[PDB]
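Next comes just one chain, in structure tokens: the form solved without ligand PLP.
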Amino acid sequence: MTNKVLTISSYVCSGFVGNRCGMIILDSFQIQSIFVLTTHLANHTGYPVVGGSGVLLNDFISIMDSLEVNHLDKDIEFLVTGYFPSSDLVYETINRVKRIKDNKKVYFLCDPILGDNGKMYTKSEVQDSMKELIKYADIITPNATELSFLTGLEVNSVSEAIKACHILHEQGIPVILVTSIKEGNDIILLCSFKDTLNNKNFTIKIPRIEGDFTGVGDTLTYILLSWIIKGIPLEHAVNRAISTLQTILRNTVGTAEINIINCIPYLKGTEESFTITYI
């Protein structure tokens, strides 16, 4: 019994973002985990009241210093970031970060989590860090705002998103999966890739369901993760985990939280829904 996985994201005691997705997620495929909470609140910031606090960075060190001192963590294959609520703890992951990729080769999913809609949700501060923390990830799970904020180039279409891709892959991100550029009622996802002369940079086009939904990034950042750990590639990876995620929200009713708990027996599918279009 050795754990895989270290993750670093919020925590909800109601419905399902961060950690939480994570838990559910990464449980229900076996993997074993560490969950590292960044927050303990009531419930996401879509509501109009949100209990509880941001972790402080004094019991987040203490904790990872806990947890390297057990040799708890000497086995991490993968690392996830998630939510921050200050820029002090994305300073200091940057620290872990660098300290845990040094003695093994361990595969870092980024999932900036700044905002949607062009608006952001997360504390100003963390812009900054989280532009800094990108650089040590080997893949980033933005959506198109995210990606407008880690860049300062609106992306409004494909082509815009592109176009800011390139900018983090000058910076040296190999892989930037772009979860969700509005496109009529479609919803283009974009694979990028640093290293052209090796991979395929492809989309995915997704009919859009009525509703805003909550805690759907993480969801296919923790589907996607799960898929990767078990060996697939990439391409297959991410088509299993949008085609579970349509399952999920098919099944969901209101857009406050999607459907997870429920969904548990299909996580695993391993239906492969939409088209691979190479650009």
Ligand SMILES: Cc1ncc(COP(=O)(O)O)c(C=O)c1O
Second form
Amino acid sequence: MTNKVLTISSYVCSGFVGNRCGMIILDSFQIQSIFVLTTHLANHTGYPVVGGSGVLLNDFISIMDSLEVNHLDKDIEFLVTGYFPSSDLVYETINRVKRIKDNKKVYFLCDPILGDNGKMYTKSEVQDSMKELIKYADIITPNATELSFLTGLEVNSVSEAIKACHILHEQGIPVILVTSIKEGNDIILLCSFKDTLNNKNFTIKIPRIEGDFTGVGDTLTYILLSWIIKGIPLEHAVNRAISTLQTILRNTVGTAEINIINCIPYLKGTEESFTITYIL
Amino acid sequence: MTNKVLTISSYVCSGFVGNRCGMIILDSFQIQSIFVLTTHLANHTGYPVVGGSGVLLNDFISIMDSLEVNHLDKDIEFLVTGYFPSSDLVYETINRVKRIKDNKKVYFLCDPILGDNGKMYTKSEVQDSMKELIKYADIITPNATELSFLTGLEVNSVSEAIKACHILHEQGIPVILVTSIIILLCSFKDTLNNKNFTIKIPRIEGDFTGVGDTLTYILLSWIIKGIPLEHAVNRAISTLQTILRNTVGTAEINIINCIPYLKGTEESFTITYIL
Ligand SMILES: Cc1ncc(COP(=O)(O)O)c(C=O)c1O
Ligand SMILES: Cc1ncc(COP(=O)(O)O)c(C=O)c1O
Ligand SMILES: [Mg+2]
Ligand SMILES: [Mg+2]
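Got the form solved without ligand PLP; any chance of the form deposited with ligand PLP bound too?
Every component of the complex follows; first up is the chain already shown.
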């Protein structure tokens, strides 16, 4: 009956990226959520024309302030961030995260959206500001490209990914989920923990599917979050999420972008299709 | 496939009004839709503080242009409009509706969102602009407060609501659904091929925030799925009644919690044909 999640990410009028993926998934899981937008764009940035604007600092401040003063954030237990068009919004979000976490315990999943397949699709000022943002997170979900940028290491293998994670765990970050580390005809996901006394690092090997991956990572993020919110242990929540995503992609015609609307009946799938491999 | 609906209305970060209700409902009905925002507000206007801004004309034009140039609106069959914070967006929408309707067949439902219970909650410039907007709709869905404003007639009874619809029909408005008078009235200009009707709904006490928007999008969804209009209205009002009966005391209806009821097929009320 009250809002449990605050999610700060991008919005597109048509298509499924950022907070618009968030909306479909968290609504379908029936998780009450505040969606604060960082953009109001016609369509994602992969098109030749991208109408609309980033949200202005002063409007973002105004929004956050109104949520606070009207007590619409009083029961937030989860915070998620995603895409930012500008670093000022990132620094402001840091201020907001600090004030949230000073008051109460809130689990912050930072999806450090910067780029993919070795190419950034964010401003350089955002890239730099994201290095500061992640330090406040409870769990981060970079892809390999993101992880490389965040740490300054090459990430072309699981062993490199492990080294890279270690640098971020030393900064205080408790949990790092690395998506789409490369391996022959497959892709590896790595879940790495700062506290390896009480938690076990693991990998999942996923067969590579050819086709358009617009919105894939964002979908994974929100499906994972939703199962975390429901109380599914993290190993299981990861396996469910990547299992669901594989199911969605197997039911997408290859050239088409995944249609999250059409795949609503699959979102809450509980199949855990892959093997959890503990790394030694 | 492709986008079938374009919906232009307000957005709130927390709560369920305007295009945020739209998103939940159309997404649950699995109707592929473009949601162009006219605001980006923290919360609805009923709070003591309302953070955020209306969308700027130049950003609105940029978005519409980008939808067109990337072909993302080429297959739209349905258009809905709702809340606008300023009259410039209304006039620009009118330009976009004209260019849609000149060469494609698109069913435009205009929900002329101005006010309720005899009090407006929109700018007077938006009130004036809405008299122009409605002139391009295939169907409009005023409440009685809205219909009274749009015609300058008192609307305090069905018979007054009938008279008010007639003046708008004489001006070309083809279908008018008047949502609360409690009586709903569906009035047609062409009474040769369609039959005007009313539905009597028992009055429920409580908070109605997002009620009207919820009705609009459930009605549209059923129109889209090919249910005949009279039945689509019955389902929509039937579903809202069910949602309201399950809402406790002072709370606003929680569309997220009620997702399983949105696609309800019950037709709980009686369609009454009038003279
Ligand atoms: C606004 C926006 N554009 C684009 C993307 C990624 O899109 P693309 O890879 O198609 O450029 C995201 C997030 O993943 C986004 O939020
Ligand atoms: C932004 C916005 N605020 C408010 C409302 C209605 O608000 P109120 O709850 O003041 O009646 C609507 C639509 O009905 C809206 O779109
Ligand atoms: Mg990503
Ligand atoms: Mg209304």
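Numbering follows the first chain given and starts at 1. The term rigid core refers to the most C-alpha atoms you can superpose between the two forms while keeping them within 1.5 Å.
Could you check which of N262, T270, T255, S14 shows a C-alpha shift of 2 Å or more between the two forms after a rigid core superposition? If I go through the list carefully, the shifting residue is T255.
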